[PDB]
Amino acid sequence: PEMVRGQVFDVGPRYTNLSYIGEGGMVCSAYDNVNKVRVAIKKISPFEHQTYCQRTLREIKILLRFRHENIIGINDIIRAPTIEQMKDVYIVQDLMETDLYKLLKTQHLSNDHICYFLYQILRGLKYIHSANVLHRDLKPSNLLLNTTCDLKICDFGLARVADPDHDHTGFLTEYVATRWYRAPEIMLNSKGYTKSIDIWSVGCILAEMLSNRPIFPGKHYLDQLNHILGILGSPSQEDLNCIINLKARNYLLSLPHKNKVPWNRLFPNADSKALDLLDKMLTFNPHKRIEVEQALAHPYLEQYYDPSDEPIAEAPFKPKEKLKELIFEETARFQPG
């Protein structure tokens, strides 16, 4: 049994020469003796918990169905031959040089790189959204990059089927996405069941690519809205009229007027077309926010835009013990024979 930091990392004879990558459960790289490339392997041990089972099953199901150049695939899944003996699952994925979190911490991005990264994010997102799926946790660290800057979206653990008719909820209740990338409506009146949630996150990522700093670095859940409104300025009457919930609307009406910070002041070196797109992605009113297909068609991305090479999904998506069986069944295809 292969060990890494005194923990079982039991990936069998196919995968040898392991290195600790990080405890995201545990991630290691390994040499794939069939394909003769190094690969990334994630040990998952979810079987005690409803929620870990749920996220693991949901994610395996999604990644196995999706097939897209800008979405991480599952290459293999390793587990014991029986439910009884299955205590962990190993997911094998392409080893990627880096991720956009890592890259932003150290590397200035040229406008060509920002454009290309944005294109690839949106291309992948077009596919996701076309499958009626919301990623719901887009952020730099979930955007993987190889040495030639090919980008792949990962981590669908928090994804959901879109459900715009049931999106409404009360004020300060919802926690969807990672804070800095969370759309204002999540705090106000949204369960994050609409595609606009992901576009907001992409907007935030784009801003972060322009400056290497998060645009809305909320210190905590509540501060996040302070940041958003500090840049977007006070919502318009029309946008407030769109919020029927009184607690949310009256909270916003209670705030002192704040003016918009012009994007070309926040990002003086940015391409003007990039800022135009950014503006459209970081629109306060999620109904007015650009959608993924419009974003791909924006002038900023004209060098790459090619709808015929921006595929959509063929097959949109519509207790723990049973989830273990479903995880066991979902991973069956990877067993010998």
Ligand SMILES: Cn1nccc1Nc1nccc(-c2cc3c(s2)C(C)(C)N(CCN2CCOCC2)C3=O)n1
Second form
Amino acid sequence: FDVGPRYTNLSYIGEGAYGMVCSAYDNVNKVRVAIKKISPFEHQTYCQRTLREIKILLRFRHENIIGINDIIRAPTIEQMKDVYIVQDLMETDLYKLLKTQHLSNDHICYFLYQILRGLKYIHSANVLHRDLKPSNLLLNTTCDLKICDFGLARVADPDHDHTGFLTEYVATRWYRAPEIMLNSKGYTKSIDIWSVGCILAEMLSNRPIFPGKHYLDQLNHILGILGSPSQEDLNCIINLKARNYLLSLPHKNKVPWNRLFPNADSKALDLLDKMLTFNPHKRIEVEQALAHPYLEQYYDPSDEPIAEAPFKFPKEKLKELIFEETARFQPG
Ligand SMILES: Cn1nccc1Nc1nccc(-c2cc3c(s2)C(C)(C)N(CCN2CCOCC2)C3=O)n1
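Could you present the same protein in the form solved in complex with this ligand, rather than the form deposited without this ligand shown above?
The next block holds the full complex; its first chain is the one shown before.
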């Protein structure tokens, strides 16, 4: 971990496929920080995702979205093998927290509020995160929450969202909206809302709500709780392979949320229901979720900011863009 004299005394924290996140002590400001060693320069896709994330986190400024404090890299493209991204150290993440801690209703409420407040800003930028999950939600010692990991994020593209049945998808399986498996590329804001719905359900029980073990088992987990889709919702799936697959399944009845979650607040289950709607057109949006009765103690739209400037949208060209996009952190 080659992070210069600014970042002394290191540790051992998190990991990815094309990089790794750990911890060290900062000297220009006098605090411990998080640092992630990214080495993506062998693959086009991973270069694209290092670049997506850098460009987004540098444009974004919001209290519930992780920032970049520094980027450490070689002075020349030639000498640049690794990129080190420095961020505020966060005590934990919601994944780690859910495996060890019962959350009070008051924590659940506050966490959901902050996730939606961060997500309001993201979506106001015309950006989709596309991989929200407990391990991408960071928490400090006083339960302040920041959204991290924008490597699968995209500019929204609802006019190009349609695809065939069983189209491969990249984002984490347990948090995938049912339409992903049926007819959606995940190019609409509704995809993030479904994930948030899943995270909420998981905060209520400490257990993932739809833990599918493979691509199509994911859908059948979803339908086991929501029940069979209605005729109207089925008529919105025009793709015949997808429609006929749903028609081939035995009828399933809705599992009521209060049987699944008998200790949960009844307003939290009302919001859950609206986040985990099968039909993405009927699914609650982020600003309506913030306005829901469950969040009324926190709701303040003048204190839930939006982005000033939204977005509009090979490996050798991408290294040069990564080089150009990290130039501001260099000495000189
Ligand atoms: C102590 N503690 N415990 C939990 C979380 C933390 N503190 C903490 N503070 C600040 C930032 C972070 C993280 C950032 C990122 C994290 S944690 C992950 C989720 C690993 N990630 C993706 C990495 N990519 C995946 C694809 O290949 C390339 C690498 C980040 O960008 N964490």
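Numbering follows the first chain given and starts at 1. Shifts are known only where both forms have a C-alpha. Rigid core: the largest C-alpha set superposing within 1.5 Å between the two forms.
22 to 24 is the sole run of three or more consecutive shared residues whose C-alphas all shift by 2 Å or more between the two forms after the rigid core is superposed.
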